[PDB]
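One chain comes next, on its own, written out as structure tokens in the form solved without the named molecule.
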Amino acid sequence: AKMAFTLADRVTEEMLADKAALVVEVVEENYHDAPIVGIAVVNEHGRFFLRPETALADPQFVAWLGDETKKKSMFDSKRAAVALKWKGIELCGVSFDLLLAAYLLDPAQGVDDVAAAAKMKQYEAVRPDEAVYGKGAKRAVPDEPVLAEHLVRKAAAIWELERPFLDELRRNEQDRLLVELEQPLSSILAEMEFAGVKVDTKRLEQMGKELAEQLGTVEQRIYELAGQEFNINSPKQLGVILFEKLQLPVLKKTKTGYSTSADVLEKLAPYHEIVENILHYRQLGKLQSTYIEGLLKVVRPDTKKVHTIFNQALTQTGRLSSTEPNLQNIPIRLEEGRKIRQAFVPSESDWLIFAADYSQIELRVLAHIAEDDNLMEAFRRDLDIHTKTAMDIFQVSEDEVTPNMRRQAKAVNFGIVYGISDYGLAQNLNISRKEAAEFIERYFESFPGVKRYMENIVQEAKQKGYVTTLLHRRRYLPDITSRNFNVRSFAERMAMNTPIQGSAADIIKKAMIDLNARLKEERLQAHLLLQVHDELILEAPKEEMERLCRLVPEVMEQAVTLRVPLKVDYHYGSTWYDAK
């Protein structure tokens, strides 16, 4: 049962073949400046295990790692690449990443280790990482004999599985998606994460002080209005104060009691002065806990930078996700929270932050896919799409569109991209199911192509078992055939939404690749820092702004060619906040 391999004490030529499955193991979940615990190499000559302090000090091995002509097959190459970057070592030649391959074949599998990807092809001669390392804090690196065999078995699985995975990707028409989009993007994300974003800690601390002061005042006021103290952060204790001691009406409940969601308190506001204070308390509380205290906990004490990790193989639609910290959900809606962005500054003196965002990319993608004449014309005229929708569904001229009409039309546009149900829209606009249904019907009468698309995509999902995006990303929807209305409807909404949200993801990902190629050709110092679904944030010398003002929008606008143009807005400033 045991797998044979050479536990080498030194690097040999045999280990430097031009094709190999490579494992550069980083156990710590956050791989930034993290230890490399072992290395495994499997190639035509055999299976090998190398101690990191040995291999990484070896000139020949380091050169092999950085030789683009020496191809390597790996699992989560970004993790290895970044861990190596922190050690001043360059990893090149990665031609196949099993994590990304598994992710494209089926995002729903949740593949997060070699064992999980291998099980997809009935290969089980490798143990799950959790089984070897354990979970929680009790997660430690085992003794060399156990560690070495595990790394070798993972390398062996990768070595064996590359062909079958590539073959299936090819069958799915996803070969270029892996090789020309996701794998090249992985390297770009690695550079972004490694570069990090500089944070003005002093600014954050000051804000923390001011918030703590405002919180104390709002908190005290709340007890003053309740006639007693209690844990406002406790939905249980709060519910007792609102619906029992204060007798506020119950407009909706929760599984474990009464509902105190923002959707509820907003309606209870007129009944008691305490509600507005609770909502405000929650706003400030979120800024203090997650964006002030939380951000400060992950800022590197020396460089004062934060190094997020973009999970490239998690979302069911093809989007990236961000953690430790999540730099894709920094406040911007409310001024008080938007101020947080003043804390994100350029990493060098005399540099500025440049941000470019796609304008209505999802609705433009919908116009393209549905080939709706009315919607395509609206974007060809670059009209305010919400005002346009209002004009159509409410049957009025532009001058007759009131602010309330535009607000409701905007809610309709948000919901249409995922076939929002009448109940879903009714809740968002706080109206009846019938009224919401009338809005939707009015929308379909004005945009018949979109109605046709929603009908056709659901049927396609049922016929094929999955839906696809512009660049051939796919998502299986087995629930589309369920006899349970709720479960089936949810699958139907996913069928309508995935091609839209997914294609928008495809487009910005390609723009990122195209952009880096352009920056390199022009030898600009500018570089990417973050991506937030519809936007790209970079930093660069103040002397490069004029060139970026022309280059970035163009690359993003020309990433793909649709039936409607793509529009990109951009801003730059001394801080992320100022890049508006």
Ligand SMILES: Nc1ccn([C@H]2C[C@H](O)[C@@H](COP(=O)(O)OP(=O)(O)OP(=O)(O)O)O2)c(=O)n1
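For clarity, a rigid core is taken as the largest C-alpha set superposing within 1.5 Å between two forms. Residue numbers count along the first chain shown, from 1. First, how it differs from the form deposited with the named molecule bound.
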The other form holds:
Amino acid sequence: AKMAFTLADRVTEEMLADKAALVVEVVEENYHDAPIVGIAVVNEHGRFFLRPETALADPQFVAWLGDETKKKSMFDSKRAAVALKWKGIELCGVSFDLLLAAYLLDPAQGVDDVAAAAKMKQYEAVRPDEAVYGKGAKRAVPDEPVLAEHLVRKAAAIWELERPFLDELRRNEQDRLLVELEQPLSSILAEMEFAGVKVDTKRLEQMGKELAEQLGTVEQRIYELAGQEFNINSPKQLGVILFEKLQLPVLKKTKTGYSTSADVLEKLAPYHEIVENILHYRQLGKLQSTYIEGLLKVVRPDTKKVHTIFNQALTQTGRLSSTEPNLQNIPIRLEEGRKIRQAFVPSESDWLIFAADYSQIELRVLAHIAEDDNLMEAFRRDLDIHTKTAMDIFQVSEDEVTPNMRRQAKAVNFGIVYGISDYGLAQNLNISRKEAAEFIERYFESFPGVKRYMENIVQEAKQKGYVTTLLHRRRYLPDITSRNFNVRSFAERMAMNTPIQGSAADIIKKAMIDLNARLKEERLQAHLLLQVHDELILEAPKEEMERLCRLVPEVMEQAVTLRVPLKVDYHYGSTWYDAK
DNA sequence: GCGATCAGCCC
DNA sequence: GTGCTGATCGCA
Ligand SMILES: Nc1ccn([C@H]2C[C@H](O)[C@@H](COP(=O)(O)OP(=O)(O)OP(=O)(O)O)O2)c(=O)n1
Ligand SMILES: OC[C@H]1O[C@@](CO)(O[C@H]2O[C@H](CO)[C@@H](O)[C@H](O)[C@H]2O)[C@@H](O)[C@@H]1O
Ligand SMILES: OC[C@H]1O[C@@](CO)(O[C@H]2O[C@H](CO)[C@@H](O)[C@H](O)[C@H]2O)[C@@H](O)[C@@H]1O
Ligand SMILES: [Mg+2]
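Next, give the form deposited with the named molecule bound, keeping in mind that what was shown is the form solved without the named molecule.
Below is the entire complex, every chain and molecule, led by the chain shown above.
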């Protein structure tokens, strides 16, 4: 039964009520400078469809969009806000975002369109976007009659679903999480994405030619050491060369065949000179194809900026993710790849990059939630946590901690957070389970509070069916009762790790909101560019660095109040690389 | 063209 | 523990 609506040729006062479900459709996955194909509005007066060229040129409509007293309910308001920013139009007054609401109610549903959200409440009078637009090479905007009905049905669903979703969020004690954290954050991310990050393409291109030369030398050497040419980028062909022609021992296999992972190769290095060159080739090739060519592909030719898109409704822990490009995995550990960061520069002359990062926020959060006396005292003394853990599990004085002992203690600390397992640790430390388990038992002996938390949180997950973070983010764990050991164990690790990683996510999100407000009150030109899980990257006039050195760490350290202090380190320079 | 595999980068 | 990307491969 078709849905009734007015396919308007002009904008009327009736369409500008102070409460409405609004749809500003952007079909392209990457919404930066992308087309708005249609508009739909549903309010107390009816349902309307408006052509973009018409509405967006209407002075009254544009004013309505930018009036914060005129409330709008939408799905993925950031997409619409950014597409509008590229057209010089401000979107204000978004009081409800169905995507973010659905995300908070259950991140596991993977809601990515209105239909999926509506299905959560048995509402099915709307089609999935993929059904209307198709996918891949077949993707396409349908004729006006089909498009208009779809957009109106989406607006209609949003209009109907707002109350039931808000009611459930309220029952879950998550309504403030939506209204005071995620929605305000959505507007901040929109600003960051739109601003973009300036890239020194000349610098990137120069590095690219250096690697092209280095890869050519190592490539030929590999063929030389192998006695023939083959596709190194082919694990299949590489395996034949290594485990058949050169007879290297098979230490590990994959579902399909021989493993050629870096971890395995390192062990085979002693047997043949070719292995070292394969490792080098893998290093250079990764930088060339992924960080040089891949980054250059998404830089905008006119402005030389990259405009990432932060997916705010994807991770099961509350973290943000980044795409096109993913600016959350730019090399830094290895010096060769770290140089890539010299390519990210300030967008204005005489401006600099400022970066601030939380120091061990996950372990501090664990100290707080577990109320472990030993761990809390360690952070109150601001001790090197890995050295301290080594002293405790190995029963030695600070002076007796060797470099290897600290390395292994650090591995134990990472596991503890990321759901400890006498299997993942061993594999990571190149040791056995019995041994790894011995380290774990020693850890819990030194940190009994953490042991109690791990036991209690798993019990809570089983009883309630989910675990929660500091700001009430939730994650359901139905597999916690599984009779399959591996399936159940993974759920148990999630029960232990989500409150830690998730609370850390809550904190940095609140810090971003607090910082944006402080920068405005202070009348500073500085602004946020990126977020990388536990760090914030900004750019600003060189004349504002001194003020930022005091302001940013303070705002981040005071975002929330825990049983232990929060610590923030900071640096600034002419490029992202120098902000070290 | 498209999806399963493999690999490797970040926190 | 959470993510995103690129080169191969054989399939359609
Ligand atoms: N109705 C609610 C209540 C809480 N929360 C989430 C976000 C809040 O920041 C957090 C803590 O809620 P509290 O009830 O503890 O309120 P505050 O912690 O904000 O106030 P108080 O200092 O009284 O604890 O839980 C929410 O989303 N919706
Ligand atoms: O606008 C981002 C928002 O849209 C979703 C779908 O509702 O993801 C789409 O857009 C992303 C950005 O280009 C793509 O990575 C993704 O593949 C596409 O489906 C949400 O997941 C996201 O929160
Ligand atoms: O010269 C291209 C040609 O070489 C092969 C093997 O001889 O692959 C080599 O070059 C590719 C492009 O740089 C790499 O991806 C690959 O790892 C390297 O061995 C052929 O497959 C290709 O047609
Ligand atoms: Mg850090």
